[PDB]
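Colleague: Chain residues, written in single-letter form:
2 protein chains.
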Amino acid sequence: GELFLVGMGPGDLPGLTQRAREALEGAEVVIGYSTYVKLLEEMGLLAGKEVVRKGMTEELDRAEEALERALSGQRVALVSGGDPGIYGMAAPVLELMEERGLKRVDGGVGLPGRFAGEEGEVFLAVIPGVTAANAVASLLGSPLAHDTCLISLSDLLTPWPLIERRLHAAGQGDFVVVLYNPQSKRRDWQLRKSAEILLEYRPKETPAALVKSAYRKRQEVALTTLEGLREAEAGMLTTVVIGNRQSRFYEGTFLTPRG
Amino acid sequence: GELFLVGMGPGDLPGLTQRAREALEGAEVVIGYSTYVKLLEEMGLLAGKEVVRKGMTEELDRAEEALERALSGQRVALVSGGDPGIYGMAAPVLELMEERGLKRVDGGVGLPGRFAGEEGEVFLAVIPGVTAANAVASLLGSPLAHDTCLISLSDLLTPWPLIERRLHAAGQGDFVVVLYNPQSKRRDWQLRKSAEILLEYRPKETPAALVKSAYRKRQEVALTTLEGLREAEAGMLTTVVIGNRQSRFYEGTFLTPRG
Ligand SMILES: Nc1ncnc2c1ncn2[C@@H]1O[C@H](CSCC[C@H](N)C(=O)O)[C@@H](O)[C@H]1O
Ligand SMILES: Nc1ncnc2c1ncn2[C@@H]1O[C@H](CSCC[C@H](N)C(=O)O)[C@@H](O)[C@H]1O
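Residue numbers (the deposited numbering), protein chains in the order written: chain A, 2 to 260; chain A', 2 to 260. A prime marks a further copy of an entry chain.
Bound-form chain A, shown alone:
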């Protein structure tokens, strides 16, 4: 069958690419974490299709469900907010296929591609989407106009010491920093820690911003400084952006020099 990993962008109907719309239109079943599925349902894009959201809390379960359905011949659309390849479903799906020993049967490289196994075969494709970094950047100004690093503060499957390594490196390289999964009830110290690490490489007054629910209901853009992040409150719907040693504010906009 087919397994299309559909990146839906920041969350609003106009935010999806036509390629994403078409992938959803041609899908028989749609799988994804509850929040994404509901957004699509609200848009009226899931009408007359099988929708799986129950028991789809875990990433591994979503991937296994989508893969097994695809292998059984179904036309599946597995949705990820933003882009599937950025802290999304692309990795879990490929790692699962790898674990099951599915082999490529079309001689191609990269994706899309046809893979097969004793269970059956699957045509896998990834539909790219506007990732959080660019989506929030468009609501800020030109914060990512130069070299940038994308870092997730989720230490669920990644040891914190490795994340600190990533942060120190971003600091020394003078990279604009975009923090994905900046904070949660459990993970309430990671953001502050990240700010303290970067503060060893750039000024306290360095531009920073917290953009919540970009392109969605209750969207919020909060401008602050790197020092301000030490006490800032972020959520799972927030993306944080930290400027480099050249970033500055310009009439309400977050400007990172192109040169």
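Be a bit skeptical, because a hint or two may be false.
When chains are identical, the list treats them as one kind, so a pair holds in a single copy or across two.
[Unchecked claim] Listed next, the in silico DSBU-like pairs over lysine-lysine satisfying Cα-Cα at most 35 Å (straight line):
#1 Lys205 to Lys194
#2 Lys218 to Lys104
#3 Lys205 to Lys39
#4 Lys205 to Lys104
#5 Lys205 to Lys55
#6 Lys213 to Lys104
#7 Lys218 to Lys50
#8 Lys186 to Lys104
#9 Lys194 to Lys218
#10 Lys50 to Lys205
#11 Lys55 to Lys218
#12 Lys39 to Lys186
Think of the hints as simulated: they come from the structure by calculation, not from any bench.
For this one, chain A is given, so just place chain A' with the ligands on it according to the hints.
Modeller: For chain A' with the ligands alone, coordinates are given in the frame of chain A:
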């Protein structure tokens, strides 16, 4: 008037977001580097609109042209391949507005926003788009599934020593690396140099790939290794991706572990 920086994605019609389509539909005049403008013209999206491509070779000229037209009351669409905020027109435009001393007149933060000056006023908005990183990643597998750094190898407005600093940092932090503007007739040594720097942090057999004209005519996906990049030939239509110490190839796909 209006100045909409429209990110058109990788280059194919289905690759644009609906928001981008709508911004183009509502524009009276469209400005952009020749190649992007031609792609849109081919798509049939510039019919009945004023199209400026002549003399639009330089980024500064494109920005000034778009800004002055907007200030004169025109509804302008300035196009950038991928996303305007990633080595695109967002920075040049804001820096120019800053230089002219345009002031914000709506009390808002970030963008969109209304700015004004003795010359007139302009409503500025950035329409995000799928940037090269995610677009090529979708044609590779899950290469960016973990922390990633975006680096441009264009040393036109950025001293090479700073780029080397960025590269060494990406290496030590064990970041997946995406190289924008990897090579040109003039800049034919930067890619090799970049590979040699990263080779000090990760194995020669580390997965790497060169993706040319993603989603366009003559699209090409070439898989290789970090060592292979030392002699690889890239162009201005190519994006290079270098895996981290955990990246591996899986049945033709470029897989970077999510955890
Ligand atoms: N609309 C939105 N506004 C702000 N941040 C968002 C967002 N959508 C996703 N994110 C960011 O991404 C995190 C989830 S991780 C999944 C990210 C997704 N694949 C992408 O490409 O964006 C969130 O915790 C947040 O930091
Ligand atoms: N269709 C495509 N395929 C491969 N690389 C592309 C591409 N479009 C843009 N790029 C990459 O981007 C460079 C131009 S820099 C402008 C990038 C653009 N704003 C974006 O967001 O992608 C190219 O030299 C190349 O490295």
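Colleague: For every hint, state whether the structure bears it out.
Modeller: Status of each hint after checking the structure:
In the homo-oligomer, the alpha carbons of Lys205 and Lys194 lie at most 35 Å apart both inside one protomer (14 Å) and across protomers (34 Å), since each shortest distance falls under that limit. Taking the shortest alpha-carbon separations for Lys218 and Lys104, only the inter-copy value of 28 Å comes in at or below 35 Å, while the best intra-copy value is 43 Å. In this assembly of identical chains, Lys205 and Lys39 lie within 35 Å of each other by CA distance neither inside one copy nor across copies; the values are 40 Å within and 45 Å between. When the C-alpha separation of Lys205 and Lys104 is checked against a cutoff of 35 Å, the pair qualifies only between copies, where the shortest distance is 25 Å, while the shortest distance within a copy is 52 Å.
Taking the closest pair of Cα atoms, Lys205 and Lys55 never come within 35 Å of each other, the shortest separation being 45 Å inside a single copy and 44 Å across copies. In this homomeric assembly, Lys213 and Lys104 come within 35 Å of each other (Cα to Cα) only across copies, at 25 Å, whereas the closest approach inside a single copy is 41 Å. Proximity of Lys218 and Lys50 under a CA criterion of 35 Å is satisfied in both settings, with 25 Å inside one chain copy and 34 Å between copies. When the C-alpha separation of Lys186 and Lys104 is checked against a cutoff of 35 Å, the pair qualifies neither within a copy, at 41 Å, nor between copies, at 39 Å.
Taking the closest pair of Cα atoms, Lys194 and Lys218 come within 35 Å of each other only inside a single copy of the chain (29 Å); across copies the shortest separation is 46 Å, beyond that limit. Within a single copy, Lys50 and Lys205 get their C-alpha atoms no closer than 51 Å, and across copies no closer than 47 Å, so neither meets the 35 Å cut-off. Taking the closest pair of Cα atoms, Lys55 and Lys218 come within 35 Å of each other only inside a single copy of the chain (23 Å); across copies the shortest separation is 41 Å, beyond that limit. In this assembly of identical chains, the alpha carbons of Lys39 and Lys186 lie at most 35 Å apart only when taken from the same copy (23 Å versus 49 Å across copies).
Of the numbered hints given earlier, the model fails hints 3, 5, 8 and 10; all others are met.
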